[PDB]
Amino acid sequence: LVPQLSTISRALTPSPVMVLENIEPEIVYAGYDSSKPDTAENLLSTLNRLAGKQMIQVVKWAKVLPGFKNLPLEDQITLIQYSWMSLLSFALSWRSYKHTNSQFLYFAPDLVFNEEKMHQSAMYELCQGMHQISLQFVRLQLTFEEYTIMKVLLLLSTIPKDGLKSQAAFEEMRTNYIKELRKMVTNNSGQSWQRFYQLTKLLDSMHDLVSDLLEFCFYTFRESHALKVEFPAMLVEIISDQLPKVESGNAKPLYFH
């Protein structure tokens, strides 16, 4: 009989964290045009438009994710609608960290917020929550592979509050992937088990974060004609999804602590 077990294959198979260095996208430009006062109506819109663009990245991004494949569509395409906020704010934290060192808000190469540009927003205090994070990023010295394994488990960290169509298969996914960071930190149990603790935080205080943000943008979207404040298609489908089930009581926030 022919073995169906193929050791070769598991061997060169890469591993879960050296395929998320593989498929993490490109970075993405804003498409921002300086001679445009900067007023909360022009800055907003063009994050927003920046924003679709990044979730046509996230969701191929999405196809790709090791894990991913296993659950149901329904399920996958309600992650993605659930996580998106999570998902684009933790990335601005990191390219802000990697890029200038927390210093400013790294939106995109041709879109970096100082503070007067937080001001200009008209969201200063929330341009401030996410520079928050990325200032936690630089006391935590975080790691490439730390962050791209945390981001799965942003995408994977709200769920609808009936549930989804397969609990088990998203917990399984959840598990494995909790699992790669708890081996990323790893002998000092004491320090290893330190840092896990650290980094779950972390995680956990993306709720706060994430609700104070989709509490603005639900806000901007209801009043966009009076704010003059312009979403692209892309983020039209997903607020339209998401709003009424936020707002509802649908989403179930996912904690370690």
The other form holds:
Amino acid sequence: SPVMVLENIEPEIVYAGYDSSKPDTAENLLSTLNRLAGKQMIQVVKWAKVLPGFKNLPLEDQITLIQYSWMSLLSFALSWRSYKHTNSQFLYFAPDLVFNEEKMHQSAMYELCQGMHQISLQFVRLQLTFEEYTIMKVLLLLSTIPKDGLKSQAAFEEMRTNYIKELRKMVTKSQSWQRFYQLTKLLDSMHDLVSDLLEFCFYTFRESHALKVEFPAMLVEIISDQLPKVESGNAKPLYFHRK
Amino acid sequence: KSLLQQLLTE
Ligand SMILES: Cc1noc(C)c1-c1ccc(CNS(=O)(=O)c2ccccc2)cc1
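Could you switch over to the form deposited with its partner chain bound, since the one displayed so far is the form solved without its partner chain?
Every component of the complex follows; first up is the chain already shown.
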């Protein structure tokens, strides 16, 4: 039932609005990706609002969770689109913006694109299902909290524990303890990739005018809040299995 | 209100 709701509330795919007549410089590609992320963030907010249990959390906590997890949610969904639409041969940012080796280099994000692509390759290896994917994406929204905890920490933990229980019930469909630990390992591995993506994001945000990289209002707001918190060590990534 | 506040409370 909660998983059935997850399958039905999955946002529709959105276009990048990519102009292939313009030169494929890093500034043009990154500006297009940033505009696409802004549009996708509006969808994340609308999805989170109807996520079973999310409305029980206070408003300040809902905002904190979305601001800390945005990069993780966007990179996980990118890997799902890449896996579903290309069998993870390309980075499927949108139907009108599919990255091959050429675009990975032109974006000036080559190694970070390889890192995101490795998640897409893990989806092929595991033969990740849509049911597993939707629960795991909810767990990513609930994977980073403030160092001093949320306003309603107990309410958050109840919601998180319940989605971990849904993931454990779902793996039985594909012995199943082995699969559960392969999925929690994959969830944990998102923290390291996101840390690297955020380092690059923050750099382009601080030097936006110089690099000619544009940011939509939704990203300006999220990054302006997130950047000082992440850099000052206020973020607490939650791991299933500590390093 | 911020953009996230507006979107979450609408
Ligand atoms: C869309 C989309 N689909 O998947 C992902 C992942 C995104 C996305 C795009 C841009 C940003 C922010 N800018 S960024 O850090 O330079 C950057 C640029 C390109 C990819 C990752 C980070 C955040 C997430």
